[PDB]
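Enquirer: Chain by chain, the residues:
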Amino acid sequence: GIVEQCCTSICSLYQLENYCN
Amino acid sequence: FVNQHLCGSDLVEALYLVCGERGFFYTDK
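Protein sequence lines correspond, in order, to chains A and B. According to PDB author numbering, the first sequence is numbered sequentially starting from 1. According to PDB author numbering, the second sequence is numbered sequentially starting from 1.
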């Protein structure tokens, strides 16, 4: 999921940027 | 945004540099 890949570790930058809205 | 665990803060932090603002967001979904 989100935190699962962003908090527990590091997610993809472009994917982390898609977090916008 | 280096690779060393991010979580909310880092997100909103990176998100603050990857998007700047424009009302960005980041949830568990």
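Some clues are possibly wrong.
Claimed, not checked - Capping the alpha-carbon separation at 20 Å, the derived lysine to any residue pairs in SDA-like fashion look like this:
(1) B:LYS29 <-> A:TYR14
(2) B:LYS29 <-> A:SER9
(3) B:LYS29 <-> B:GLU13
(4) B:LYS29 <-> A:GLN5
(5) B:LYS29 <-> B:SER9
(6) B:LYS29 <-> A:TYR19
(7) B:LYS29 <-> A:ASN18
(8) B:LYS29 <-> B:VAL12
(9) B:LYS29 <-> B:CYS7
(10) B:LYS29 <-> A:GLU4
(11) B:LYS29 <-> A:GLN15
(12) B:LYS29 <-> A:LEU13
(13) B:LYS29 <-> A:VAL3
(14) B:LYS29 <-> B:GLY8
(15) B:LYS29 <-> A:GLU17
(16) B:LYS29 <-> A:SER12
(17) B:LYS29 <-> A:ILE10
(18) B:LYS29 <-> B:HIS5
(19) B:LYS29 <-> A:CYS20
(20) B:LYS29 <-> A:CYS7
(21) B:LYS29 <-> A:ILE2
(22) B:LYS29 <-> A:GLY1
(23) B:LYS29 <-> B:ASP10
Said to hold, decoys possible - A few chain A residues facing chain B, derived, Cβ under 8 Å:
(24) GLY1
(25) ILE2
(26) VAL3
(27) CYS6
(28) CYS7
(29) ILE10
(30) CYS11
(31) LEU13
(32) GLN15
(33) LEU16
(34) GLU17
(35) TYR19
(36) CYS20
(37) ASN21
What the hints assert, rightly or not - Covered stretches of chain B, as calculated for chain A (at least 3 residues, CB under 8 Å):
(38) 5–11
(39) 18–28
Keep in mind that the hints were calculated from the coordinates and are not lab data. We put the CB at the ideal spot given by N, CA and C, even for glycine.
Enquirer: Are the hints correct? Go through all of them and say.
Expert: Each hint tested on the structure:
| no. | hint | result |
| --- | --- | --- |
| 1 | B:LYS29 <-> A:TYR14 | 17 Å, holds |
| 2 | B:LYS29 <-> A:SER9 | 17 Å, holds |
| 3 | B:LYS29 <-> B:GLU13 | 19 Å, holds |
| 4 | B:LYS29 <-> A:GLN5 | 12 Å, holds |
| 5 | B:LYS29 <-> B:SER9 | 17 Å, holds |
| 6 | B:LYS29 <-> A:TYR19 | 11 Å, holds |
| 7 | B:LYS29 <-> A:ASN18 | 13 Å, holds |
| 8 | B:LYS29 <-> B:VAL12 | 15 Å, holds |
| 9 | B:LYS29 <-> B:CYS7 | 14 Å, holds |
| 10 | B:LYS29 <-> A:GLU4 | 10 Å, holds |
| 11 | B:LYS29 <-> A:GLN15 | 13 Å, holds |
| 12 | B:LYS29 <-> A:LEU13 | 17 Å, holds |
| 13 | B:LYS29 <-> A:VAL3 | 9 Å, holds |
| 14 | B:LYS29 <-> B:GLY8 | 13 Å, holds |
| 15 | B:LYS29 <-> A:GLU17 | 15 Å, holds |
| 16 | B:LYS29 <-> A:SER12 | 16 Å, holds |
| 17 | B:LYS29 <-> A:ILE10 | 16 Å, holds |
| 18 | B:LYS29 <-> B:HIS5 | 18 Å, holds |
| 19 | B:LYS29 <-> A:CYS20 | 13 Å, holds |
| 20 | B:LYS29 <-> A:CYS7 | 13 Å, holds |
| 21 | B:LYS29 <-> A:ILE2 | 6 Å, holds |
| 22 | B:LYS29 <-> A:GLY1 | 7 Å, holds |
| 23 | B:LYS29 <-> B:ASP10 | 17 Å, holds |
| 24 | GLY1 | 6 Å, holds |
| 25 | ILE2 | 5 Å, holds |
| 26 | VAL3 | 5 Å, holds |
| 27 | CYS6 | 5 Å, holds |
| 28 | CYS7 | 4 Å, holds |
| 29 | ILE10 | 4 Å, holds |
| 30 | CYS11 | 7 Å, holds |
| 31 | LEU13 | 6 Å, holds |
| 32 | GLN15 | 10 Å, violated |
| 33 | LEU16 | 5 Å, holds |
| 34 | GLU17 | 4 Å, holds |
| 35 | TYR19 | 4 Å, holds |
| 36 | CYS20 | 4 Å, holds |
| 37 | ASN21 | 5 Å, holds |
| 38 | 5–11 | holds (count 6) |
| 39 | 18–28 | holds (count 9) |
Hint 32 from the earlier list is the only one contradicted by this structure; the remaining hints agree with it.
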